[PDB]
Amino acid sequence: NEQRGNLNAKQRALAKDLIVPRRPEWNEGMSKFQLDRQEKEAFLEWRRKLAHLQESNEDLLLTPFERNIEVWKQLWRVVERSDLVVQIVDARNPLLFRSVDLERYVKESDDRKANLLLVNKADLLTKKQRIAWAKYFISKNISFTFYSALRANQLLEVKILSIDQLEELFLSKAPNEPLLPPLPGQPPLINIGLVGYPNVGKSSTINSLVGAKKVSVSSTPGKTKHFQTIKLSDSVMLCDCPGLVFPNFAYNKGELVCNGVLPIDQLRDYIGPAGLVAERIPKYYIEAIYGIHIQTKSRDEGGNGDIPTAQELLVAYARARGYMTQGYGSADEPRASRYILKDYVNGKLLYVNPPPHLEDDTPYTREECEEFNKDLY
Amino acid sequence: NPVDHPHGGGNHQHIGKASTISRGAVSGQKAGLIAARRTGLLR
Amino acid sequence: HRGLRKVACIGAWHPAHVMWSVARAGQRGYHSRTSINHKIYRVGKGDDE
Amino acid sequence: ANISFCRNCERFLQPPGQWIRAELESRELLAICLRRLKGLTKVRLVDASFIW
Amino acid sequence: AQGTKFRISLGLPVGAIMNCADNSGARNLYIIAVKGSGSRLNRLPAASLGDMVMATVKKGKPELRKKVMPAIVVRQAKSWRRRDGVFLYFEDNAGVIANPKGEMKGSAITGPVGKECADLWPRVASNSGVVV
Amino acid sequence: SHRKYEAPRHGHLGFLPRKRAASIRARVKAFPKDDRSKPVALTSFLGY
RNA sequence: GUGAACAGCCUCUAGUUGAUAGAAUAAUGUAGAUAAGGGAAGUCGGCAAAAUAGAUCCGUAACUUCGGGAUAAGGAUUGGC
RNA sequence: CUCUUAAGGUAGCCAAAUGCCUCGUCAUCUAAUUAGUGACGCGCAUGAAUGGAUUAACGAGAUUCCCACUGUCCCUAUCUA
RNA sequence: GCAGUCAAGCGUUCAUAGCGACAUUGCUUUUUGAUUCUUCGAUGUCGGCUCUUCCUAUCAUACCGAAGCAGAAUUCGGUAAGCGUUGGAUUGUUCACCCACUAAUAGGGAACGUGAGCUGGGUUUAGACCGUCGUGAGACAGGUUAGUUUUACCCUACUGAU
Numbered sequence: 117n118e119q120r121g122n123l124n125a126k127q128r129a130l131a132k133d134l135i136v137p138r139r140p141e142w143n144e145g146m147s148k149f150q151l152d153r154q155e156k157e158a159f160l161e162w163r164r165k166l167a168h169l170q171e172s173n174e175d176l177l178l179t180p181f182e183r184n185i186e187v188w189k190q191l192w193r194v195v196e197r198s199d200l201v202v203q204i205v206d207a208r209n210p211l212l213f214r215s216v217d218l219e220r221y222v223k224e225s226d227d228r229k230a231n232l233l234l235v236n237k238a239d240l241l242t243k244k245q246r247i248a249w250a251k252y253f254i255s256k257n258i259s260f261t262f263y264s265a266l267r268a269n270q271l272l273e305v306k307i308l309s310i311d312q313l314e315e316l317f318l319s320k321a322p323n324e325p326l327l328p329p330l331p332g333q334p335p336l337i338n339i340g341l342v343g344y345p346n347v348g349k350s351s352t353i354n355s356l357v358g359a360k361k362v363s364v365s366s367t368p369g370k371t372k373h374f375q376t377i378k379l380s381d382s383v384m385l386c387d388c389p390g391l392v393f394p395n396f397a398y399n400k401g402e403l404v405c406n407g408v409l410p411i412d413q414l415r416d417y418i419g420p421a422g423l424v425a426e427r428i429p430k431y432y433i434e435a436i437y438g439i440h441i442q443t444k445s446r447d448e449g450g451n452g453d454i455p456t457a458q459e460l461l462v463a464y465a466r467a468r469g470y471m472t473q474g475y476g477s478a479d480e481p482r483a484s485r486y487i488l489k490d491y492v493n494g495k496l497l498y499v500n501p502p503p504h505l506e507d508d509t510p511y512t513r514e515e516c517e518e519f520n521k522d523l524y
Numbered sequence: 205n206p207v208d209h210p211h212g213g214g215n216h217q218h219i220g221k222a223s224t225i226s227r228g229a230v231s232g233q234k235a236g237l238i239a240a241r242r243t244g245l246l247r
Numbered sequence: 243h244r245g246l247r248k249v250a251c252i253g254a255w256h257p258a259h260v261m262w263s264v265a266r267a268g269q270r271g272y273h274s275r276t277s278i279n280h281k282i283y284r285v286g287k288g289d290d291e
Numbered sequence: 053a054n055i056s057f058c059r060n061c062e063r064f065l066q067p068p069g070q071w072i073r074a075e076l077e078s079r080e081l082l083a084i085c086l087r088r089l090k091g092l093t094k095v096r097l098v099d100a101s102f103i104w
Numbered sequence: 006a007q008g009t010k011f012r013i014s015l016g017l018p019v020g021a022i023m024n025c026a027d028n029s030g031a032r033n034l035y036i037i038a039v040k041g042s043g044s045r046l047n048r049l050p051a052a053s054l055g056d057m058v059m060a061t062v063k064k065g066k067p068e069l070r071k072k073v074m075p076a077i078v079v080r081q082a083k084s085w086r087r088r089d090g091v092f093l094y095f096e097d098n099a100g101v102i103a104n105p106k107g108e109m110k111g112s113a114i115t116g117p118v119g120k121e122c123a124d125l126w127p128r129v130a131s132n133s134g135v136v137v
Numbered sequence: 002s003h004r005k006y007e008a009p010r011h012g013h014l015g016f017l018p019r020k021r022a023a024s025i026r027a028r029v030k031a032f033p034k035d036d037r038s039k040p041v042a043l044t045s046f047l048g049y
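Protein chains in written order, with the UniProt record's numbering: chain X, 117 to 273, 305 to 524; chain U, 205 to 247; chain E, 243 to 291; chain C, 53 to 104; chain A, 6 to 137; chain L, 2 to 49.
It is possible that part of the hints are untrue.
Claimed, not checked - When the alpha-carbon atoms are kept at most 30 Å apart in a straight line, the in silico BS3-like pairs for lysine-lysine are as follows: (1) C/90 to A/72; (2) X/243 to X/444; (3) X/489 to A/71; (4) C/94 to A/72; (5) L/39 to E/281; (6) A/10 to C/94; (7) X/400 to A/10; (8) X/489 to A/66; (9) C/90 to A/120; (10) C/90 to A/64.
No wet-lab data here; the hints were simulated from the structure.
Whole structure, please, built from the sequences with the hints as guidance.
Written out as C-alpha cells, the structure is:
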C-alpha cells in the first residue's frame, strides 16, 4: 500500500525528541524543598518538549504517557540501584514496547551497566518467523532473548542466527551471564531491575519465578504508587518499577487498544479497532473457532473481493447466540466488540507483525493457520 | 429451634460455643464431638 | 374489584355532600335540543315527479 | 466556562451537588463534558484530548 | 413550515415502526413525536398522511442510527376519507426523512405517494415517481 | 392535595338536567326580532 | 365409532328427567366472546389474554461431567376419489 | 527492629442477596435508563467444610433484554347466558 | 417560603431601566421544629390510578403601562383564575432527573382530598439467606426474597323516575 510506505517514514525523522526526565545533579542538596524544586524543573521542561510535538506533526497521535511526576520517580530509584536495566516486550509487536531512548539513560552512569530485552511467548509465533526476527535485533545491536513462561514446553512439530532462535528455558542463567562483579562493593547480591508496560506479563512472568506471588496486579489509585523488590537467587535480587508507559509513537489509534496499551473496557469508537481484527485474520479461521458462517460480504451484488468489514463481523458474531438491543433488535455491535478484542489480546486471535525495515512493509504477510481442530475433521 | 437441640436458634446458622463436650456431662448436653482429645483434619 | 365501568372518586371529605357537578348514571336521550345554521338545499313540490 | 475546585483536598464540583475527587489531568476530560451546556446535538464528539 | 391540510384519519401513534421509502440507507423509522400535535391526558399523539414526525432509524446504515431527525409520512394503512367521496388506503406505512425546513435528504422514492402529501410538501412531489 | 394532572371537565353543565322532555313536540323558546316594515309572513313550520 | 389413548365429542343395555316458577331485556356486575390502524406507549411487573400445538419429511448452535442440550432454532407437506 | 498474653486476609471474588457515603466512577445498551451487563477496588462490615471460587443439567424460585403475539393501552363500542 | 421600607454601591461617566450591601417592619401555614389539648372498649397509617370543585403569591391566552424598548427578540409591572397546563426511559416512590412536542408545560388546598372506589410496588406480623455487633437467646428504623385488602338492603346527599 502507498499509505503504509509514507506513514512509516514520517515517524523516523521525529524519534529524537522523546527523551525522559533525567534527574540533574544534586550533589549534597540538604533541603526541605530544594531537592524537590530541583526535580520539578526536569520533568516540567520534559513535559514542555513533548508539547511542541503536537504543532510539529499532524495526526501523530501518540501513546499516552505517565503525566504524573511521582510515577517517574519510581523509575529513577530502580534505574539507579540496579546494574542491569531490563525490558519486557510482548513478541506480537516487538518494536513498539521497546524504548531505545531509555537505554541512553542507562549508559549515563554506566561502568558497563547493560541493556537486556526479554521477549515472551515465542512458541506462539512459528519456527519460520523467529529466523526472520533474529536478523533485526543484532543489526541494531542491543539484545534478543526470547522465552515462554512454561516449566515444561510443548513446542511439538547455518548456526549463526539459528542458535539463539530457540527461545530459552525457565532458567535464570541468561540473566546470570552479563554482569559478574557488583557495582556497589559491599552488598554480596548484585540486583537486576525490571521495567515494562502494563498488560504485558511483567507480573505474569516473575510470579512464576518466586512462586509466592509478590508482584501482584497493578497498584491502587489512592497511594503514591509503590516500589517493590524481591530476593530470589544465590546471587541476584529482583526489582520492578510500577508499570508505566513510554511516549515512543502510535499510529492510527486502533492498534493501541488492539494491543494492551489502552483499556478495552473503556473504549469509544469501536469501528476502528474492530476493523483491524477484520483484515488481519483469514475467513475460515474465525469460522473454525466460533463457527459464524459470516459470509454476507455482498459478493457480486455491490463489489468484488473476499475482504471483510467492521460491520459485518460484529453483526454476524452477535447474530449468533444472543446480543440484541433495547427497543428494537439490531444485533448489538458494541457488546460483541468486547469479546473479540479480549480474544485478540489473550491470543485466540493471534497475528504476527511484519519485521521492521527502513521504509518497506509487505502487502502479503506471513500467516499461521492449523488445518486441524477438535471439531473440524 | 432452640428448644430442639443445643445448637439451635440464632439469626445465622452457627453453633455458638465449642462443640467439644466433656465426658462428664449429662444426658441432653452430649450432642457434639464427645470427649475429643483431638479434632480437625488429621496430620 | 366490583366493577370497572364506573367513576372512582365521587368527592372529597369536606363538604360531606355529593356535589351537583359529578358524573352520575341516569336517563340518556329524549331531550329538547336546538341546532342552528342548517342550510336548505332543495324545496321540492308535491305533484312533481 | 467555570470549574470549581477544592484548593486543599483536590475535588471537582459537578452541576447539581457532587464533589467527585478525580485524578488531575487524567479523567477530568470526562467529567467536564457533563457540566458543559452543549449536549449530544454536536455531531460525534469524535475525539477529545486536552492540551497543556 | 406546515401549511393547511384537511383533517384525515390518524393511523400512526407514538411507537409505530413505518417503512422507509427513500434511498438514504435507512430501512425503517421509529416515530417518537408528531409536530403540531395536541394535548390530552393519557392520549398518545398520532400522525397521519402528510404530517411531520420526529423519528429515529432502528435499522440501516450505522451513520444514520442513534440520532433523532424529522421525517414525513408518505403512505398510510388506516383508511381515510377524501372530500370528493372515496375511502382509500395503501397497503403499508411509509416515511421519508427530511431536514426541519422540509427539504428531503434522499434522491428518489420507491412505491406510490399519497396525493395530500404531494400538495403539502413541495420537495416530496419533486422526488415522487407515482402519485396515487 | 391538588389534582396532580390537569384535564378539562367531561360533559357540559349548561345542559342540565338530563331529564326527559315534557312532550315529543319540543317548544320554540324564542322567535326572531319583529321588523314591522316587511309584509306578513310566518316564522316557523312543523314537519316530520 | 373417531383416535396413539380408559383423553375430549356423539350413541346402545341400565338409569334419571330431580335443583321454586312466570313475565320482561335498564344500568352495574359474574361467566364466555369479537374488533379497524398502531403494537407494551398501559403497568411496581407482558399481571390477564392472544399466538405456536397432532403427525410425516428435511434440518438442528453455543456449551458439556461427552450421558445431554433437543420437540433446540428454523422450513415444507396433510382432504376427496 | 518493635508494640499489643496468639497470627496479621494467603489463593480467589465484588457496589454481589454482603458497599454506609451512593442514583459510586468509566464504558455500554436507549431519542432519554436510580434498572441490566463488562470493568476498576484502602472492601462502613467479602474470603476458604461458621466452606472459597467454577459449573453441563434441572426449577409453578429472583432479575434485565429481544422475536412472535395480542383490547394491557391510544379509545372506546357491540353480542350471549 | 413570600412581600415591603432605607440607601452605601454595581449598572463603561448617572442611587432607584434592572439590580440592593449594612440594618429593619411584616404576612403566610403547601416545609420542618416545638407542645401534648382531642381520639389507644381501633378515625383502615405511603404512592399511583379515577373524578369534581376551590384559591392567587399568574407559566400560557385578552387588553394595557415602563425600559439602557430602532425592528426582531426579550426583561419589569397592572387589571385578571373566564379558559388551558401534556406524551415517554429509570426508581415503590412523593421528590428528582433527562428526551420530545407545545401557545404554555405555574405553584397550591379540600382529615398531608380520595382504600364498604381500586391496585398492594413500599412500610410494620409470622418463613429464609448475607453482612457487622452479641459468649448466647437475639439485635439493626442496613441490603434481598415470599406473604387473605371483608359487608350497604338503612338514613341523608346526589342522579334519573312517579
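Comparing the hints with the structure gives:
1. As the CA atoms of residue 90 of chain C and residue 72 of chain A are separated by approximately 16 Å, the hinted pair is consistent with the 30 Å bound.
2. Under the criterion of a C-alpha separation no larger than 30 Å, the hint pairing residue 243 of chain X with residue 444 of chain X is inconsistent with the structure, at around 34 Å.
3. A hinted pair counts as satisfied when its Cα atoms are at most 30 Å apart, and residue 489 of chain X with residue 71 of chain A qualifies at roughly 26 Å.
4. Taken as a hint, the residue 94 of chain C and residue 72 of chain A pair is honoured in the structure, with Cα atoms around 11 Å apart against an allowance of 30 Å.
5. Between residue 39 of chain L and residue 281 of chain E the alpha-carbon distance is near 23 Å, which keeps this suggested pair within the 30 Å criterion.
6. With a C-alpha separation of about 34 Å, the suggested pair residue 10 of chain A and residue 94 of chain C falls outside the 30 Å cut-off, and the hint is violated.
7. A threshold of 30 Å between alpha carbons decides the hint, and for residue 400 of chain X with residue 10 of chain A the separation of about 53 Å lies outside it, so the pair is violated.
8. Between residue 489 of chain X and residue 66 of chain A the alpha-carbon distance is near 26 Å, which keeps this suggested pair within the 30 Å criterion.
9. Taking the CA atoms of residue 90 of chain C and residue 120 of chain A, the gap is about 41 Å. The hint is violated against a cut of 30 Å.
10. For a cut-off of 30 Å, the pair hint linking residue 90 of chain C to residue 64 of chain A stands: about 27 Å separates their Cα positions.
When held up to the earlier numbered hints, the structure conflicts with 2, 6, 7, 9 and fits the remainder.
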